[PDB]
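Next up: just one chain, as structure tokens, the form deposited without the ligand.
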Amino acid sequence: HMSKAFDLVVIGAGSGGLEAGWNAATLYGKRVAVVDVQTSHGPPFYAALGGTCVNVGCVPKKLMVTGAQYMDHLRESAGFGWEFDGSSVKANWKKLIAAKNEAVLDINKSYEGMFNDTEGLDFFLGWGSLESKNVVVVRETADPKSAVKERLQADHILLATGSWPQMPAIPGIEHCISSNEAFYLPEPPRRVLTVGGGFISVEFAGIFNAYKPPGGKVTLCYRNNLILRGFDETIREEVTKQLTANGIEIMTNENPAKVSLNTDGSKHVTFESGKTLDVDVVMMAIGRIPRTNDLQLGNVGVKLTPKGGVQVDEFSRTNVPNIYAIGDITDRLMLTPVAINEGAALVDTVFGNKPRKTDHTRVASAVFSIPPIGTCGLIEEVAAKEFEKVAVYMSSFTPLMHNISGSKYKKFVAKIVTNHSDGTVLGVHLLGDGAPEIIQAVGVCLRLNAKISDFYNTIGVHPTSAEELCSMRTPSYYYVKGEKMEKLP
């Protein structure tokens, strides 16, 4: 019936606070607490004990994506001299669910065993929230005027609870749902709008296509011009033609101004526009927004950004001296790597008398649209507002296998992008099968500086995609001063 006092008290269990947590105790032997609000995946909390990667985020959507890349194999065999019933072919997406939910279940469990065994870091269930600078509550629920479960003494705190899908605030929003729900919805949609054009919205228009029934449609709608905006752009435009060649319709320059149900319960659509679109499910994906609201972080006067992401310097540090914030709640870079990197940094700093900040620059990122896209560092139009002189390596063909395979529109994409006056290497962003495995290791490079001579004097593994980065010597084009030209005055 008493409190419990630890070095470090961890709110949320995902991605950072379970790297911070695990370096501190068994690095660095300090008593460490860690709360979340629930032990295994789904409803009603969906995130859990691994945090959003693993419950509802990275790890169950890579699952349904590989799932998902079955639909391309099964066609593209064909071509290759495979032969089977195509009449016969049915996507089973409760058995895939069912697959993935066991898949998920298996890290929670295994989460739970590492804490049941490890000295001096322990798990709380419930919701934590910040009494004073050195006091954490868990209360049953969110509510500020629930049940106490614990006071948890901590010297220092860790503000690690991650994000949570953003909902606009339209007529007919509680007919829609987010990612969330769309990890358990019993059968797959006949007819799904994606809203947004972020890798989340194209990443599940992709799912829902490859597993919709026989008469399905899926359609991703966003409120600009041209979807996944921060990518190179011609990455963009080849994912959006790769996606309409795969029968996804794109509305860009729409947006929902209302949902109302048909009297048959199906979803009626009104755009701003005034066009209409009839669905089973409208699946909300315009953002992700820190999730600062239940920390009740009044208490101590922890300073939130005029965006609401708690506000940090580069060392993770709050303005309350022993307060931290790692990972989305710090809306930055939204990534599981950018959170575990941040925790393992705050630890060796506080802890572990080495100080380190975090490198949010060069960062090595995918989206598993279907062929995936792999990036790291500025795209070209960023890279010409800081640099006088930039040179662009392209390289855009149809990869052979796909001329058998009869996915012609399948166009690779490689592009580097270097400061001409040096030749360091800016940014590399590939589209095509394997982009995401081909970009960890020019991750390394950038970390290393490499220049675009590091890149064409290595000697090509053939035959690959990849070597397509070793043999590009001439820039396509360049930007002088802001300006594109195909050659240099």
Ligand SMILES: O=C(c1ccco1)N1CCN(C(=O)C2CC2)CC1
Contents of the next structure:
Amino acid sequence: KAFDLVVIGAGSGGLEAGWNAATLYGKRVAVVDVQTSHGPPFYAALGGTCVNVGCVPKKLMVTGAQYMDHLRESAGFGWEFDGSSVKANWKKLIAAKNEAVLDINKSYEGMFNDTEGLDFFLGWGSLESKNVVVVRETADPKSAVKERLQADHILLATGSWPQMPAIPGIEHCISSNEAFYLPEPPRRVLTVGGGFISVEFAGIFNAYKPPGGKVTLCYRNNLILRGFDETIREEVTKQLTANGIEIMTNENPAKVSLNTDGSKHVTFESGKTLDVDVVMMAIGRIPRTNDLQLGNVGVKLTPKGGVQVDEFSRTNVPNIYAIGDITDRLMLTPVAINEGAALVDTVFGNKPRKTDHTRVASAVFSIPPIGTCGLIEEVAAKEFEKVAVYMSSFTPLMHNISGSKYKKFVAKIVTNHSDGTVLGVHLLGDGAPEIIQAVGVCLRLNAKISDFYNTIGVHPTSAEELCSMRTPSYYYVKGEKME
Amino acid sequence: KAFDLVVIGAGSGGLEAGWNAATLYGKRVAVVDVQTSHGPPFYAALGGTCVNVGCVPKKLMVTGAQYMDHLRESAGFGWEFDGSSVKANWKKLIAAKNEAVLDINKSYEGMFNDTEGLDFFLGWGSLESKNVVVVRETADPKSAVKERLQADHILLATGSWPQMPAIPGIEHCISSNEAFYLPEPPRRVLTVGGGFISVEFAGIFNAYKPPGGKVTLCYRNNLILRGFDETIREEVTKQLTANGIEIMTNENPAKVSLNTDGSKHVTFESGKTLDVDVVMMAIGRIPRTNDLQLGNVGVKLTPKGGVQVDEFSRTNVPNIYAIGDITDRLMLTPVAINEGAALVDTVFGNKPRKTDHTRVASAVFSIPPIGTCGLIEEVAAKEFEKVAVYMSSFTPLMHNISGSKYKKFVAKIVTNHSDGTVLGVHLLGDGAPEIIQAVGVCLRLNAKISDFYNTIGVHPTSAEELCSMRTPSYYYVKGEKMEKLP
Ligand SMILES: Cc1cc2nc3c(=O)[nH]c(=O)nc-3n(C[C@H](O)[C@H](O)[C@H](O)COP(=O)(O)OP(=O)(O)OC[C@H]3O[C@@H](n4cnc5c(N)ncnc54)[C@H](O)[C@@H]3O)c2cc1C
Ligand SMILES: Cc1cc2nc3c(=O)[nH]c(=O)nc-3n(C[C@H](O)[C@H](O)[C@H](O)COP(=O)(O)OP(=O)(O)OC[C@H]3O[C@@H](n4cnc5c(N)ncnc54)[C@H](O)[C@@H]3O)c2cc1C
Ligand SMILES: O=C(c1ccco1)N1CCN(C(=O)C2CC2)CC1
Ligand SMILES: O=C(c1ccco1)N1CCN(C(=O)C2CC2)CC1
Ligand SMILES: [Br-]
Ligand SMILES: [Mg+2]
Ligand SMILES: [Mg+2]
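One more: the block was the form deposited without the ligand; return the form solved in complex with the ligand.
Let us now look at the entire complex, which starts with that chain.
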């Protein structure tokens, strides 16, 4: 069959590209994915990683985990109930999550059924030739051919996949993929990694753990959440610890064996040991290029295995493009979506556009959460002669009364002190992911600190802290910090 | 007895002006208030209305009230407990609120001690003359002088006070002042009015009512929350009703009598009756100008009764300024604070600056809450030839799981369709007040609809809806509503 565009991967970026090309530019579009609905064996499916085993279900589960705090915090506001009757029923959470995910799967199925010139093919997509995509039964390229798709244009949008370290007992560990399908909440769990997935799942498991349970997070480096504002890294470490999570920094698993009762015996490089029910590896995500047989067409990969692209998502092969996590840049759903829309506008609309990967607002659904947009001060200080940091950090009042006195809200604005231009805004505390969205719009408009502090506050909010900072807390001058 | 600046009212505007004048410009500042800490008899105190009987305690109490929803909603996420054991201990809430407000009162006492020039005087400020404030023992002008303050500049910042309709049995009724100190949560309460205070308190009382409880909100006109986006007014009405609050619109109390059991018998203008334990009147706040004795220096008041001011907070009398609720405009703490900061940066910084009264972000801590900045479409439609309205309204997925299907999140962007300039943004749903703050910054920067839709979403959030709207839902062309442009 013949298509203007063939999309391999029916995910965040692939569906944006395919839908736009079919509906906005009237192109005949084929989209390929390995599964029509979530979960084992391939986990990701129609809708992509975010829908099936990412942002969507993880946010529902963090929302679930937040009730542990709400139930405890309610007491400060005079709420009374039988604390000994309280159970976190993980089975109910997982069933609720599964129904929500399946409903989305179903709605994408309906979207393909109801959208003429947008066709779905089930199976494993690979490149046979520069204008032919082959859809096969399995990831094995010797598996049976289901389809051969003639393509003027080919989009690679297969996303990423959890990295598993080649250690003894790796087979006894899981990734986020399996975590979404644990039938029972682990009493003891080790999350391995200092990134958002490890931190977010540490919070989820901490809330649903059965009585006498314990969540441990291990990270090789000294301070979790590399890439984030350093004050927020330190504070979120403290606030996790305060909620009963054991943060093991400068620690990494050397191997895992089965205790006789089937639990996991963890040996760390430091010669520390930990017995847990689950070991969840969240150490990295790698681009999914192995199965694409890109050697059939000579698409250039990086040593990492990401598809190399120009700013317009073009590979070295004309008519073959790559967007989203497969490009191993910013692994966010809205970025994949933006890159897909920009590609289709460029290629099919002759409306040349490239995605801006700077000043992208993002969040960590830790408890409490992070919202951020733009540069951290250490990065800014290397690119700008004079950098100012505006910082406000305080336990909000609701949290004196709630009894969570540890829950400091951090609000930090990083500027180019030469002209006041805001380079970065970093938030820690309830609401942070919701606050930071419109800050993204501010940074697109080259907002200055004066634009923030001359805006009238909404009171009482945590967000109004952003509009209440007149005076720098400290500076970097030619890379050097000064009070 | 000699000051660069004397401030009457140690509230939102008065303290900002006071503390700025002293710390930024090393000026010598007197601040007068009637009370050092919250509650009866004068309710407002050091810190002002917001701190003592306003934004701060209200927000703690709405937060408390939110746990009624969280406890129920937890079940959808697998939380299990004995629902029959749940009690809302109002007395605990009020004790906690009182301790939190007192600590802020003590905070401001600290501030006034730990700061040179900045000195607090207790008692009732009034104007003797152009350059003298007299502090007396009471609000009666005949009462004893405690101090006579010499004033190069005078700031009136006395705020507002609840209006109580002059109906038979008004003495059986309370205002928000007394609501903060009720010794028991009412089983049955009538909140009178359709503004933010009535709506917020209906939410609070609804969460803390004892078993067999009922919250009734009445409003004299057809639809609550005049001045808010119409879609949001209708939606808040539905979402309050869904959570058990009875909304009586086109209804207004004509009188109240005490029943023999101490309950209140409300007769409406319509002839309807209702028995409640509390009648809380929230029909308006009026500027506090009586007690200042403004007749003595001829400070001009408005046809409404607020101190008349120019864009620089200047009265008709040189050296005499007025900020915040006494000016009877937008009665918000951050506006008072902004006006104070501008007045001082102007007069003592020699850096004139005028508060911008447009594009002010504000919130209603309704359950669920409102966040809004700038013009509602009906107002835009009278000023601009072509207005576009972008609307997204859906129950967020988490509330399909929670069981609160009625919690529709509403996001509306109102534009000047001629250039795409955002004129207003109207949000209803969890997080709306937090979402809207940086939208205020966007509007200051003359953000267009394309600045929103070209910004990359934060996923998953409610806020990202504001970055997902490319196509108008409908328009106003020369005031006329229509689905499509001509
Ligand atoms: C646990 C977790 C949480 C996350 N949380 C967030 C968050 O909150 N917010 C956020 O913005 N981002 C989040 N992300 C990242 C986000 O999921 C990804 O950035 C996004 O899904 C990438 O989109 P994409 O189009 O590159 O690919 P994907 O959405 O991953 O889609 C790729 C698709 O290709 C399919 N596929 C792969 N190989 C083949 C093949 N050969 N043939 C056919 N189909 C194939 C897969 O089945 C998959 O459906 C999260 C990720 C994870 C793992
Ligand atoms: C129930 C309620 C809820 C509110 N919620 C919010 C909210 O969430 N957000 C928001 O932004 N705004 C809110 N407001 C409004 C906010 O409280 C006011 O806008 C703000 O306090 C006005 O500041 P101001 O400086 O004009 O005066 P105030 O802060 O009212 O300070 C005036 C002070 O003057 C003193 N005073 C009066 N007369 C004299 C005199 N003659 N001599 C000496 N002292 C005197 C009083 O004791 C008082 O302390 C709320 C108001 C109420 C009543
Ligand atoms: O790991 C994440 C992440 C995951 C989810 C949300 O954020 N990031 C992105 C934001 N980062 C940046 O440094 C910004 C570009 C400047 C690095 C850390
Ligand atoms: O009553 C309130 C209010 C009280 C607390 C928060 O908002 N408002 C603000 C919004 N309004 C406006 O008209 C905006 C200026 C345009 C009028 C209604
Ligand atoms: Br580190
Ligand atoms: Mg179709
Ligand atoms: Mg002092």
